[PDB]
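Chains shown are a subset, placed as in the full complex.
Order as written gives the chain letters A and B; numbering starts at 1 within each chain.
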Amino acid sequence: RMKXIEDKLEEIXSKXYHXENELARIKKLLXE
Amino acid sequence: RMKXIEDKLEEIXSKXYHXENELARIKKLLXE
């Protein structure tokens, strides 16, 4: 149930870091 | 619980703006 959905949403937290970091992978291929 | 999941989904709202804006970062590296 409810708490163990909340603790899936706080995984989908991890995937929305890994969104950020692996876009910021691409920006720094495109970079400094 | 339920309402404070809904108010996580409306964070995952924020990450799916930041999807958009930081793709639209890349499109404008690739741009005008």
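In this text, a contact is a pair of C-beta atoms (placed from the backbone, for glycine too) under 8 Å apart; a residue touches a chain by one contact, two chains touch by 3 or more.
S.K.: Since all chains share one sequence and 2 are shown, how many copies form the whole assembly?
M.R.: Number of sequence copies in the full complex, not just those placed: 4.
Going forward, only the chains that are shown with their structure count from here on.
S.K.: What is the distance in Å between the mean C-alpha positions of chain A and chain B?
M.R.: 11
S.K.: Which chain A residues qualify as touching chain B in the complex?
M.R.: Within the complex, chain A contacts chain B at residues 2, 5-6, 9-10, 12, 16, 19-20, 23-24, 26-27, 30.
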